[PDB]
Structures are given as C-alpha cells and as structure tokens.
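> One letter stands for each residue in the lines below.
2 protein chains.
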Amino acid sequence: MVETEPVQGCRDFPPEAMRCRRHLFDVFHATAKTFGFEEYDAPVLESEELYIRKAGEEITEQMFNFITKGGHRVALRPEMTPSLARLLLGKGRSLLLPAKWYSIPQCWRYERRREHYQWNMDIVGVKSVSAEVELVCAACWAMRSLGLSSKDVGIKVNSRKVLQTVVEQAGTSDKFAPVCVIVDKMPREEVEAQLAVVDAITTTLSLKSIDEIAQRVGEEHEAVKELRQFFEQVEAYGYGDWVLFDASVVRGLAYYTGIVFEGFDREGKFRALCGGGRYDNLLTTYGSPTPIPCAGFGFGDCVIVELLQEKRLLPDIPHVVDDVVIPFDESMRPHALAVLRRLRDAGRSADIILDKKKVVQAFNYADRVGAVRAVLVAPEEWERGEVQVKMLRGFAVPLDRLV
Amino acid sequence: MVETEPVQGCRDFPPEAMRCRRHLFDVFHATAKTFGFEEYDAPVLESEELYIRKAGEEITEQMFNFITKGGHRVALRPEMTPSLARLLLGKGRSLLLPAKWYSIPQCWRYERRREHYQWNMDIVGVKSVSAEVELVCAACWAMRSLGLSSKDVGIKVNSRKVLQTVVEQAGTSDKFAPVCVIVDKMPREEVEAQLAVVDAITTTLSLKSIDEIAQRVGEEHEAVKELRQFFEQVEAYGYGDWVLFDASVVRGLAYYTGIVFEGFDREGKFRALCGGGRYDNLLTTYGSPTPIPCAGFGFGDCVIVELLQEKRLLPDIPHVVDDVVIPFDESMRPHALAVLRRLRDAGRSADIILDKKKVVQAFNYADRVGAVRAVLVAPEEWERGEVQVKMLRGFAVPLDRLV
Ligand SMILES: N[C@@H](Cc1c[nH]c[nH+]1)C(=O)O
Ligand SMILES: N[C@@H](Cc1c[nH]c[nH+]1)C(=O)O
Ligand SMILES: OCc1cccc(Br)n1
Ligand SMILES: OCc1cccc(Br)n1
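From first to last, the protein sequence lines are chains A and B. Quick note, the first sequence lines up with residues 48 to 158, 164 to 223, 225 to 239, 243 to 253, 261 to 456, 469 to 478 if you use full-length UniProt numbering. Quick note, the second sequence lines up with residues 48 to 158, 164 to 223, 225 to 239, 243 to 253, 261 to 456, 469 to 478 if you use full-length UniProt numbering.
The shape of chain A in the complex, shown without the other chains:
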C-alpha cells in the first residue's frame, strides 16, 4: 500500500476539515471586502535572494530552500511581505496610491508544522497612523466575525521608535534591527548574552504606559504622538476595548520601523494570533528611488483555530445541498435528469442519485448528504406532470412549481 499520510509537517484537508478552513477564509475574505482591500497573489516559489536580510531572523533561518536543476537558488516563501514589495516595486509609478492589498498565501518552513496559511493585509502609501488603525481594526473585525469578543482577545500595540531613540541616545544607528530581533526573544540571561555580541532597553521594555514613556522621551516624541492618535482613532471606531499598550512588543522581523502590534488571547494559553507593523524602509532597501510608506499584518490559520476550539466556536457544520432528485427506478432517469437541470438552472444545489438503488436507500442517502429536500420522480406522478417532494429539515408538485 502507498503512504496514506501527508508529507512531513503538512496537512490534508478532506471535506470535513476543508469546511472549517473555508469558514475561516470566508471571514478573511469578507473582512477584506468590508475594509476595501483588493486581493492579489504571487508564486509560492520565489528567488532565495528575496529573503537575504542578514539580521538573524527566525523566519529566514528556517527557510524551506532548494536549488533547481538549472542551479537557481529558490525557496518556498516563508512569508508574503517580500513578494508584495517585489510586486509594488515592479509597478512603481503606475500603481495608484494609497493601495490596500490582501492575500491568504500558504507559507512554508523547514526545521512541528512546515506549512500554514496566513492572511496578509497591507496598506501602501499612507504616512499616518490611520493605516495602522485600520489594520488593527481589520484584525479585530475578523476575530469578532468568528464569534470572539474583547473579553477573549486583545491587540498589544507599541512603537519601535522608542527603542530606536534609546538606541540613538545611547552609543551606532546601523544595527537597530538586529537588536529588535534579539529583544523580541524575551530567557533574560540568554538574551543579554546575544546582545553582548542595554539596561535602558530592559527598563523601557518594562515601562507600563504611554504617560511613563512620555516621561522618558517627551509628551511629543515621534512615538508618543502617533500612539495617542492611534488609540484615539481606534477608540473613535469603537474597538477601544480590543487594544492596549505594551512596551515589550517589538516583533521578530527586521523591517518594522514604527508602530508594531500583536494579537493575543486574554487567558495566556496561546501564541500570537496575528502580528504586524509599519515598515517604511523596506522598499527603499529593495532599490526604490522614492520612499514608500507601508504597513500590514500576518494572521495565521492555526493559533486562531485552537482558540476557537477552546472557546467552542468551531462547531462541525455538516455538508448541505438543496435538493436530492431520486429516480423511482432506472426507467425514470431521463426524466429525473430533466428535473435536475431545472433545479440547477434556478440556482439550487442539487444531486441526482447516480447509482442504482432502492427508494428508501436513496432517501437515507439524501439525509446523510444534508439535503433540505428530496424530489422523487415516479411514473404515476410524471404523467400528471408532477414529482413527489418531501422536506427533510411527500406531496405532489407541478414541475413548474418546484422552483
């Protein structure tokens, strides 16, 4: 027998599991539409070059790469943001701004799971914190659409500019991104050893509010005015109970320059539900002649499902279909087919019993596939221009009155 299990660290999605995934994705799609984002996509396969950032990122360290037969260094994408930037840079001057683009790519890694799907939402060409406001609200919106509340989850919000200022007011301005990557890992003894290759860092990470950080850098330091505006806008949109300040949040990615944020469950049981931030320099580093402000987030398909399961928000939903058409016997098949065509022509989902079987087993089959209605096509009714209809969740009906 063949190996029936999927390849290492990858998931199968038979119909039952696929209905769950599709329930999650319907939300990602519907939230994007609500928020005016436009869908895009790009090859899962990208040049390895794309991801050579040299900051010790976990995401790049764990890159699922290989060499083609032609000798080209390639990778299954570990994230989407670099692909987005390539696309943006490819368009350059022709792309109208601002742009709001989303996608739900499968992303990969090698080392546990080797794949996941990740909802990506990004705003391009918006300088102001309104971009981050909308992104954080979109993530809250999706979580709320899935049945969660602000009692279940929150979004922690910070700015890297603060640490930047503390890095700046202290000793280069060359390695702010590596430091973030290390500080993101916060085993204190281990983290400090990595930073050797500091006290103001730990202190400012532990500062508990905007007022306390305003004391450290001024009531108008770049980062203070943005956060107050951010919290003020989220407040005004009505999702104020969903967001809060947390100075320990920097994220693991090199390219964030400004506001960063992270979704979490309020019980402390799970990893981040989603993660994002402003990355105003990425496209400059890809060789863009003009700086392109950007901001966005990734929202994985696994952590959220665990949370939804824990909260009893992922009930199995069975397959449904409107009609199951049942030939009384094989002589009625042509006529049953004509009825099938009408039902489908009217926008109904409909099966016809494909195999040879007895009526009562056809009815049982109808029940098992979650049919709302069974339509029996029998000789005596057919000559009266009728079928027998029966609701499952039988009285004779004219063919025209079925739809």
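Just to be clear, a hint being listed does not mean it is correct.
No copy labels: a pair is met if it fits in one copy or bridges any two.
[Unchecked claim] Here are the computed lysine to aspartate or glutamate pairs in the DMTMM-like style, where the Cα-Cα straight-line distance is at most 25 Å: (1) 116 <-> 95; (2) 288 <-> 220; (3) 138 <-> 295; (4) 288 <-> 393; (5) 116 <-> 158.
By construction, these hints were calculated from the structure, which means they are not laboratory data.
Given the structure of chain A, go ahead and fit chain B with the ligands onto it with the hints provided.
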C-alpha cells in the same frame, strides 16, 4: 534593485489579474456547489513515490522534483488525482459513498509555464456512466456560466475499452496503458516507431461513429452500451449539442480504464480546455483491498482564459466599493470613523480616506477606486446629526438613514 519579475515560468497576480482569476474560480466553485461536490485540499508537496507510474507519461516525465535536506524524494504535484486517491485510501471504510469531491490546486512542472491552476472534479464509488455524464455536464456548465455556448466549444467523448478489446483480440494484456500514452501523441511515423518498442489501432481510432464501432465489436460490447447510455443521459439533461463521439480521444494518462473525454474550441485554435475519464483501477494499484470505481476531470486556468479573451468574454472589471467616507478635514476624523463603523456594521464595503488631502482630491480618489457613493463628513452637517452623501454611478442625510 531587486529582481521584480517572478521566478521562471510562474505568474504574478496583482489586483487586476487577480480579479480575472477570481472570476474564473467563482465559476469553478459555483458549478461545484450547483452539482453537489465538496471541496477538499492537500499539500502541494507530495512524496515523489506517489507519481512513479513507469508508463512514459509526459506529466510524470516533467515532474518538478527535489530532495529535502533530510534526503526525502519529494515533488511539487504535477496533478491532483494521486493526492485524491491517497486521501481516499487513507479513509477507506470510513468514507461514505458515493463521494463527490472538488478542488482548484496549483500544479507544477519543470522542463513555457511551470505552473497552472487546475479545477479538479471527481466522483468516487459510482460504477455507472452516470458519473461521467455528470462530470461532462459540470464542465459544460462552467463553460456556459463563463459566457460560452455549444457553438463555441464541445466535449469529445470516447471509451478506452474499445482499443482495449482490439489490443485484447490482437496479440498481452499487460501494456494497454503505455500504448494509450503513445497513441495519445497522434506525427504518424514517429508514433509507429514508438509502438515498435497496430493497423487495427489506427483504423479504430479513425472510425467516425458509434454505429461504425458497434459493427467492429457488437451492438453490445461493453463500450457501446456505455456510450449510448452516456449520450442518452447528456441528451436528457439538455446538453446534447455540447457533446460528441471521437474515437481518436484516449488522453495521455496511464490510469484511465473506461470513458474518456476532452473539451475543445470549435475553431481549432487552442489545446484541450479540459480532460478527464474513468479510472476504476487506480486505487487497486495503490493497495486498496476493494476495487474503488472513480471518474473525474482536470480543467486548467490558462487555455480557457485565452479562449474567453478571443471571444471577448473577459472584459476588465474595475474594483468596486460601496462607500468612501471623507473627513472634511482632520478634526472630523473621529466622527468619520464612527460613520465608517456604522456602514461596515451594516454589511457595506467602505473606505475612509486615510491620508490628509483636500475634499475634491478625496472625491477623485473615490471615483478611481470605483466607489458607488461618497459620504462627506463635515462640521456644519455633523452638528445637525447629518453627513453629505453623493452618488457617483450631495444631499444631507441623517446618520441613521445611511444604511
Ligand atoms: N510578514 C509578516 C506579517 C506582515 C505583513 N505585512 C507586514 N507584516 C509576518 O510574517 O509576521
Ligand atoms: N489528473 C488528470 C485529470 C483528472 C482528474 N480526475 C481524473 N482525471 C489530468 O491532469 O489531466
Ligand atoms: O512565521 C512562522 C512560519 C513561517 C512559515 C511557515 C510556518 Br508553519 N510558520
Ligand atoms: O498537465 C500539464 C501541466 C502540469 C503541471 C503544470 C503545468 Br503548467 N502543466
């Protein structure tokens, strides 16, 4: 600057191109729902073993394979059917039958395009030709939903059992599948040379009707009764002008045992639009203790788009959004945000102008993103509990009357 082009033989889908793809996929999905098929998925990455069929298939010859860091022979899937069978075999006795499963996987190759998406539709556990009838009708349905008619396209239909009988009545019963693979290629001189490593084959390929093939094997040879039933059922479903007999159609895949079929444009300008057939032995060869009848097709995303472009059936459709909310200035942002929340709460798609800009440039922006309506939020109206609304495809309105 970074390489802005995608990796060799792969396609980018910026919003414009993605709208086209999504138009095609909406059809694939909606047809599957109409026909009662259930969605499933599986990893793009599969064990190379899965595809070792040793029949000289083009699809396996051109397999995008590699070795992992752990030394495991793997491949980006060249087709989906083997993945389906793995899943089916994994379930075995627990899977209720019949089952109707669909998916729209990206599939890959190495050699031109290295990737395409392919709608897959398969019926499992149905012995009779009704399976093939429904599959062929589903493909016609999708094409018709895309604007095509039976004047534009058809489906050629055959059975491999005929050639099987001619192979059987002639000299082993071990290499029927390799012969199909060669005969599928029909450069006559080249094809005959391959078959050396025959006249009844060419003759029967050139037979022009069911009556002529019935003369060669009997009015009830397995293949004759099935085809008459097939054409009779498709006729009864009302798609008789879409289908026809063609004895030269065998398809390139080793595993087809019965009825095979192929979609084509009636002008002779394009390759096959879709391709499928019955494959009643595949799961036996994977080690299933019980024979599992199966039938299905693949329907690519490229040929169909070319055809639709040629027929002027793929007009660009611009982005749309219901509302664009416009702060009169920054002081109105909080209030504009509250309005944004209401609109979205009511199921509308809505943007808010994120950047600082003048009203008339906001209105222009609204027009460019395809907004149905612009909602101006200005101080004088706001204190009257109102905004200014203006249709694009402005009169004052109470906040409650916007939805
Ligand atoms: N690529 C980021 C998410 C993101 C999208 N846009 C900005 N950030 C991640 O994987 O965490
Ligand atoms: N795998 C086939 C299509 C198919 C699906 N089911 C049966 N056949 C192909 O690539 O042509
Ligand atoms: O960002 C972590 C990550 C990247 C790719 C795949 C998986 Br699973 N996890
Ligand atoms: O069946 C031909 C095929 C397989 C995989 C990818 C592409 Br493009 N074409």
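> Among the hints numbered above, which are violated by the structure, and what are their numbers in rising order?
Number 3 only.
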